[PDB]
Amino acid sequence: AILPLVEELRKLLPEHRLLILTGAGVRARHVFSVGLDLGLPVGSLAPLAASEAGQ
Amino acid sequence: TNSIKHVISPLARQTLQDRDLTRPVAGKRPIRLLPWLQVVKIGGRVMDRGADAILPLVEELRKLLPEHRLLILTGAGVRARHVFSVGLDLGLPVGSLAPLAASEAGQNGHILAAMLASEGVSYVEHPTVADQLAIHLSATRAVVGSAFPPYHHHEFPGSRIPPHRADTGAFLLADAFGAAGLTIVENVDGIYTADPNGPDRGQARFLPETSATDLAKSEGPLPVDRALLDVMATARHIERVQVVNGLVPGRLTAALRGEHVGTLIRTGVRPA
Amino acid sequence: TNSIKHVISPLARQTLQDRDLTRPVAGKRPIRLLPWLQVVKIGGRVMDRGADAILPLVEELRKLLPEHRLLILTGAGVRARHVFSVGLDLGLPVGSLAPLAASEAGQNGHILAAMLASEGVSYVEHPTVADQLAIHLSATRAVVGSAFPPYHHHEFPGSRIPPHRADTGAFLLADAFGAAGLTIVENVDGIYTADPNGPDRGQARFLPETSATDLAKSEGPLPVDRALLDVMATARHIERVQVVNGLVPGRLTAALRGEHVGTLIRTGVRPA
Amino acid sequence: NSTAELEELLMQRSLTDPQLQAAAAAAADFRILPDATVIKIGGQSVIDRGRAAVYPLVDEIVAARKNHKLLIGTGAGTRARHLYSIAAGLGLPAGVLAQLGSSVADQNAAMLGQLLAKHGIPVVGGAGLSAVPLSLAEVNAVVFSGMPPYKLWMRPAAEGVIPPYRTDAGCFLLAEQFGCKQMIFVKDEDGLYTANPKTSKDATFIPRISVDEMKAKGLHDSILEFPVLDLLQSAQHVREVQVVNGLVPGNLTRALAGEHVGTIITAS
Amino acid sequence: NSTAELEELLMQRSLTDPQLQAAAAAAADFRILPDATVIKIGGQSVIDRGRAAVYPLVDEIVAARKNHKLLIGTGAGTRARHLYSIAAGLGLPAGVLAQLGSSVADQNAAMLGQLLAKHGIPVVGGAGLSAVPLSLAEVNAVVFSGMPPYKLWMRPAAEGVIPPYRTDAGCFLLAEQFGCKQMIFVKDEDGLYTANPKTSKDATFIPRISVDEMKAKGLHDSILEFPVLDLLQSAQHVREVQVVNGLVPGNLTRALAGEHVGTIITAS
Ligand SMILES: Nc1ncnc2c1ncn2[C@@H]1O[C@H](COP(=O)(O)OP(=O)(O)OP(=O)(O)O)[C@@H](O)[C@H]1O
Ligand SMILES: Nc1ncnc2c1ncn2[C@@H]1O[C@H](COP(=O)(O)OP(=O)(O)OP(=O)(O)O)[C@@H](O)[C@H]1O
Ligand SMILES: Nc1ncnc2c1ncn2[C@@H]1O[C@H](COP(=O)(O)OP(=O)(O)O)[C@@H](O)[C@H]1O
Ligand SMILES: Nc1ncnc2c1ncn2[C@@H]1O[C@H](COP(=O)(O)OP(=O)(O)O)[C@@H](O)[C@H]1O
Ligand code: MOO
Ligand SMILES: [Mg+2]
Ligand SMILES: [Mg+2]
Ligand SMILES: [Mg+2]
Ligand SMILES: [Mg+2]
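Protein chains in written order, with UniProt numbering: chain S, 57 to 111; chain W, 5 to 276; chain A, 5 to 276; chain X, 3 to 270; chain Y, 3 to 270.
No lab work stands behind these hints, which were simulated from the structure alone.
Calculated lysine to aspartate or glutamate pairs in the EDC-like style (CA-CA distance at most 20 Å, straight line):
hint : chain 1 : residue 1 : chain 2 : residue 2
1    : A       : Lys32     : W       : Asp56
2    : X       : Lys183    : X       : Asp31
3    : A       : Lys9      : X       : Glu10
4    : Y       : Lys68     : Y       : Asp37
One-sided and incomplete, this derived list gives chain A residues near chain W with beta-carbon spacing under 10 Å:
hint : residue
5    : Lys9
6    : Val11
7    : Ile12
8    : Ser13
9    : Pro14
10   : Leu37
11   : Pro39
12   : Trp40
13   : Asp135
14   : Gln136
15   : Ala138
16   : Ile139
17   : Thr144
18   : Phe181
The beta carbon of each residue, even a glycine, is placed where N, CA and C say it ideally should be.
If we strip away everything but chain S, and leave its shape as in the complex, we get:
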């Protein structure tokens, strides 16, 4: 999925000024699994899930 999307984005660069923002995905669900198992509050899980979006 990434390779065709990268090719489409490549051809969009001369057409638009783009701010591309990525989501988190399944890895945030796992840190939720571990974090909720450890009982961490919602303010603890928010930056943990955000890390997967940055990656």
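Using the hints provided, position chains W, A, X and Y with the ligands relative to the given structure of chain S.
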């Protein structure tokens, strides 16, 4: 000792009139040359309204420069009607009136480009547009050119009025380039069932969307060249062209973003 | 049935010779086309000195490229004097000598532009300067052109020497563009009360500042065209033009920053 | 009459208005070069054959210009077909191919003009308004390149990227615009057949045919570009063309005198 | 051998192939303007002298064109030497200097053309193939700029940045290309001497010499550009040139009639 000297090629010896013989070589849909390009056609009658219409349009175009790569093409307007009146009075043929009308489109282009010169925009000539548009759109964000095609004395006969005018030339370029779109900037909201400024204006009904084939079947005046509908039937890339009111600020900006603010004209292009 | 066919316009039917009738439409001060432009005129006699003068000026211009948007215009120099000597010997009129002298200004422009080619600088032609300067200064930081105006066989009669030369053409361009300034690069410190290289050099007194009107009233030689003073009277934007010594490194850089390092010529544009 | 209504319609109406179009059609008809004849020297059919075909026709042209005012347009030929083949293989549009073909017609005009230079006949970039050579009996002829100027603005065909308006249309539209008295296509066959005579044996000759009669046959190949038939029906001045065999000595000369030596195609 | 041999070699071999080169050398030889003569009016030697030299030659040209077709090329002269000095001092290559000198030859063509304008003789961006003016008995002549069009593509000399092909080679190659019957260099000396006659007074006049004999002399200076001698030996149509003194009235007229009045330099 009189044989034709041929170059070996897939089309050698052919007349190029036999479709069965040319189709294996050239029958396919062409590639896009400048897929990121946006073509904007400014009507000559819009320019004819002077600063009251040009100044707001220049401000709108100025703010569009960081958003799109623009080829801006200007029409001829009322001055071409006068050279038609003088030319027809002198009996001149349609191939004589075509370059005379095109000159007024070029002058409108010089006028519009001068207003945007401080932004790096200049008027460019037809051979430059045809051969060197890519390098000039790499140098600056937009260029201005004449919307009329260089048909000149090779204009088609039949009508005493040149058929291939500003709308037609702008679409021919936009579709040949495979541009992202063509937007036609008019002095009216779009296409009506009658001339909204003519004797039957009381019967004119606005058409938010239509097809080029339906318009070509119609009789009566239109705000776009009738030849535009003909070249839309053979279009290869452009699926729709929107006619918007350039006297209403923001409609060009909206149309360039795909918003329906005028009359959408569907071409003959096959959308999968 | 012999009436004039007019186009309706605010100037229709007018001869444009009635200044009272044209004023409501055209009596306004024009806008600036390229307000960020800086025009530098390089004297032909400076180029005539060869590498000893050109090489230091090229290095100064090289350091100025990231600081200003430069239109560099070159004068003619001694070679135009020779074509004058041959042309006048052949009895040729002033409209014949004008393009012949302009050619030497163009050749000086090619020479200077070649020295700056590695910086992206190229010589551009008069039609390109007149219509496409904005796009070319968007592609690169500076371009070189001929300072002579394209008056050709339409040069004004009166003198057997073409009056509209390099200083005059450069000012006409700079003022028409509404440029931020015009700097004249000379082989002397500025304007003196007499020729500092002539017979009365012992009486030549330097003029740090002067009016174009006071210079026009003067008789005797000047380092600038007398037609420059005439077009300064009708100037619309540029209020002052400085003549600086290009043989002293740093003076062109200083003059472009408004520093007084030469002779300031006040035009007819009254500052607010 | 009423140019006043024409002038009023021209100002108050769209150019697409049927009322405006009808008023314009009533305008006078001026022929710019009524005494001139436009001829096309074939590209693939003639010039690509080289000396054996071009040299005899050069002699005919030099002799014919004493009695006839000539605008001599050139075809393109096999080099254009090679260029079209390369560009079509890359998916380039008809507008790009059109510019490539123009260069080939330019080359042929240069070669033909160099053979005619010693006779005073120039190669022109503006033939039917190059008024000075056509007016002089010492010259009375010009050579021009037969491709139309459409370039990237070339209208495409319904299918494929081959430019549908090539050197046949470029030469014909010149004759039509300048109100010439005649348009002669000089190629390598006696005229129009029912099929390409080089590849179909039972192709039969057609000495005379109208555009409507020709369309009814629905031929799959022709000695002339098919869109030229529609331009001919729309024409105001050149209402018929003749196609003659330039390989037969005297055919061009007799056709210039008005003789029916090949195929006459009439608009009506 | 045959044309079928040449055409197969042209499509299958490199253009550097000796067999292709030999087959092409067997082709026919067409002369485009065989009845025309190319003359060079000197730049430094004539036009830079002004009225006293140009005006008599203008009268001689107007009289000579009644009997001879003239392609009148102009030299450059002292203004080009000034441009060469400025550009050389900056280390600019020969290709840049070439375009600077072209402007000077352009100026001289404009000045000479304006003196001939009322006689109908034009300045041409063509000359050869400018078929109409040469064709006409009332004109029979054109003026062109004598610099070659190499521009930045100028081949440099073995040493230095001065372009080795200037106005001598420009006029000569035009005479060679169009198959003209004669090439006359109109300068300010009776012809070639054993040394520069302005700086060496023991110089002797050379009535006729071959290129091989001229090279064997090892001349320090010449009235013609030295590379022209090699172009002359390579020429197909102009196998000799004449250099005459344009300051002597009648020398150009007599040379145009075929008389040997100055120095004849022959390829063989
Ligand atoms: N069916 C129609 N729908 C909308 N407008 C119409 C119609 N028929 C005629 N018109 C008229 O056409 C006018 C636009 O004129 P036109 O299209 O000739 O100008 P333009 O496109 O600006 O000029 P150019 O074609 O030279 O660029 C409108 O103001 C309108 O009055
Ligand atoms: N009143 C004066 N003040 C200063 N210099 C003068 C004056 N009168 C004459 N001159 C002389 O004019 C010379 C400059 O000549 P000129 O202005 O013709 O050259 P240029 O401007 O470099 O050439 P071009 O006009 O072709 O660019 C100076 O060297 C100076 O000797
Ligand atoms: N129906 C037809 N009748 C006659 N000639 C035909 C027909 N169809 C194809 N041709 C061929 O078309 C050729 C002329 O067209 P073309 O090869 O394009 O020449 P040109 O380059 O001169 O236009 C002739 O050589 C002929 O073989
Ligand atoms: N060996 C020589 N014989 C004759 N003339 C010579 C010779 N060497 C140099 N010259 C000089 O060359 C000059 C002509 O060449 P040039 O100065 O380049 O003029 P042009 O501009 O006509 O080429 C003559 O004026 C002559 O003095
Ligand atoms: O050779 Mo063409 O381009 O079909 O006339
Ligand atoms: Mg054909
Ligand atoms: Mg419209
Ligand atoms: Mg007037
Ligand atoms: Mg000066």
